[PDB]
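Apart from one protein chain that is not included, each protein chain of the complex appears where it belongs.
By written order: A and B. Residues from 1 in each chain.
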Amino acid sequence: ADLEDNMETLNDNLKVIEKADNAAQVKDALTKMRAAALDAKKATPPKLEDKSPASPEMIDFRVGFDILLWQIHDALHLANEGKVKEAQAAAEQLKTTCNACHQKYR
Amino acid sequence: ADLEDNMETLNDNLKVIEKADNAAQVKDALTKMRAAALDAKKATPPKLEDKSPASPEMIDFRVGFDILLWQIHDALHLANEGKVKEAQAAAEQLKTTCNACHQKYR
Partner (left out) sequence: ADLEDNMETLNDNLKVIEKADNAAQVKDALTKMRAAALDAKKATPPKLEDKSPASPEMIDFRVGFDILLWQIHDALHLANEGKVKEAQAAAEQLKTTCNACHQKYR
């Protein structure tokens, strides 16, 4: 998928998580976020379209998604243990990383 | 190790997982696949040898192993929980990633 589509997946599934009632819904939503974050790694944001895929900005962009993936991992395992409110809180701290990337590259 | 040898390791241990009887066997084979996928990620595939190392294709190639690694992660945790058939089903799901990369970069 293209970058904007993966971002919609991330935004929609974060909201699913905030409204979720059980761990199965949280896990499903986090797994869709993980897929979207991985697919976004191959993308070039519009503000960097003319730069090298290996420029420091593009390597930083891709590390941003690795950071997000490890945060998704933490929430996924919290949900797996049945700690639904903890998984939802961990999902909320993802926004720190969403915003940090947006500030630089959106 | 070189890319062909790492792919040998991935294919051999996928077959071990398919025929395994117990969780320890599945977990051992998955651990070897994780190691091979990481070692493979540093390679330049022959199809991309004559392209720029800074090409989008090289970045995409490496994201494919990141997808594979997160799928291996799921199967590893299922095997760690002792869920042999669920871990085998998660390992079966790797094949779509294997073939999708091959279609582009073998």
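As a convention for this text, a residue touches a chain if its C-beta (ideal position, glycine included) is under 8 Å from a C-beta of that chain, and two chains touch if they have at least 3 such contacts.
**Student:** Which listed residue, A:11, A:22, A:55 or A:93, touches the chain dropped from view?
**Tutor:** With A:11, A:22, A:55 or A:93 as choices, the missing chain is touched by A:55.
**Student:** One chain is left out of this view; which of B:10, B:17, B:26 or B:58 touches it in the full complex?
**Tutor:** B:58
**Student:** To test your reading of the contact rule: which positions on chain B touch the chain that is missing from view?
**Tutor:** That gives, for chain B, the contact residues 34, 38, 41-42, 44, 52-54, 58, 62, 69, 73, 77, 80.
**Student:** Spell out the interface residues on chain A facing the chain that's missing from view.
**Tutor:** Output for chain A: 52-56, 59-60, 63, 66-67, 70, 73, 77.
The rule is simple: only the chains that are shown with their structure count from here on.
**Student:** Just how far, in Å, is the C-alpha centre of chain B from the one of chain A?
**Tutor:** The mean C-alpha positions of chain A and chain B differ by 22 Å.
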